[PDB]
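In structure tokens, the next block holds one chain alone, the form deposited in one PDB entry.
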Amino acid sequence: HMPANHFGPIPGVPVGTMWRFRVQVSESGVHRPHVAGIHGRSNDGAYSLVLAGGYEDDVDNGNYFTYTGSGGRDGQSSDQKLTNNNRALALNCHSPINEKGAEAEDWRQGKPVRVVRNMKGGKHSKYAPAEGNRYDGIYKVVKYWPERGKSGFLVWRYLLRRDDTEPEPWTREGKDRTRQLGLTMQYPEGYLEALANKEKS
């Protein structure tokens, strides 16, 4: 199958693919966590992440976007620490990891990060799909740093620039590779009838 600490693209899953649920995304091996937004080890790096909404500063510009770390409680109580996934995402960036933040002198060498976009990010991003989840290729960490929210507590911000050959599925060439490849929304088996039987009664 596909090792869990596997960085990079999943063979058999092209960009522009769309599963209706997160469970399907995990099943596919593109983002294992059934609910969490990022997957990775403190000692290895981040393998994948999905976009929901959260922070209001998080700008999604398509080819690049910024992300916010997690933790700070157990509701903001303590300023986030560079441990766990916060740290793991920090490794994908190609520079010696540092407490005050860091910017890669050459971001392209950093470890790849599979990025999926959920439709819950529609309000904010004009790139999030209408419904479900869509795989938009590889993004590498360019730089990360720590800000201080309106809650006076530091939070870890990151900037991801795309870097996958295959064209963004929201562009002309993208929407083309899709058709050629015939990619369509995917529902779990038995889901559509289950959904049907809901509406009835």
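Here the rigid core means the biggest group of C-alpha atoms that line up within 1.5 Å when the two forms are laid on top of each other. Numbering follows the first chain given and starts at 1. Compared with the form deposited in another entry:
Of the residues 151, 63, 42, 26, exactly one exceeds or equals a 2 Å C-alpha shift between the two forms once the rigid core is aligned, and that residue is 151. The two forms, fitted on the rigid core, differ between the two forms by 2 Å or more at the CA of residue 54.
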Given for the second form:
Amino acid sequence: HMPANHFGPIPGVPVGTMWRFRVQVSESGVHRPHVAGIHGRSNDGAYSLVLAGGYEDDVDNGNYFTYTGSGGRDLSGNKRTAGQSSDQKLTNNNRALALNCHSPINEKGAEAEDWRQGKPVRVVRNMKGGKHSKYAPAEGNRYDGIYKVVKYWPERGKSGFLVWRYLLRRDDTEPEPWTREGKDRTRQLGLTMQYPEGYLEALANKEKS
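Can you now output the form deposited in another entry? The one shown was the form deposited in one PDB entry.
No partner chains or extra molecules come along with it, only the chain itself.
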């Protein structure tokens, strides 16, 4: 089994692999947290992230995308998400992701000195991101490969509050699952949406009324 702090591709899981639920992606080890968008350790880096339309400031352009840090939210009331209500900080997950950038951590943002040498980030695209992105899968989750943090900086988001932003760029030899060659490669490998054991059945039952 792969350790929680494993950087890079997970052996046995090619780009294009799909899962219906987040907990499945966790089980696979591609993205351990079942809720958080960022999986990271503040003294090491970010191992993976998921684009799921959870933050209004994300900008998805396929091989390039601007990701938003987490936080700057008031979850009092046993919540897991909310709108921005305060400034984000370069701490926890946000700091973990900045460490991937090939450059020393910088409180005012930083750029990489050869982004390709930065630490790898496993990127997963979720269908909820499709409300504002043409690269999101139609259903569930899809592993799109390895990306690297080219740079990160702070600025006011749409809500007026400060948010941390990261520019990620793809660095994977496998083709993008959303392109023609990616679509083909997925078929050849015979990859298909994976569901938890007994789900499809339980679903067919439910669909009787």
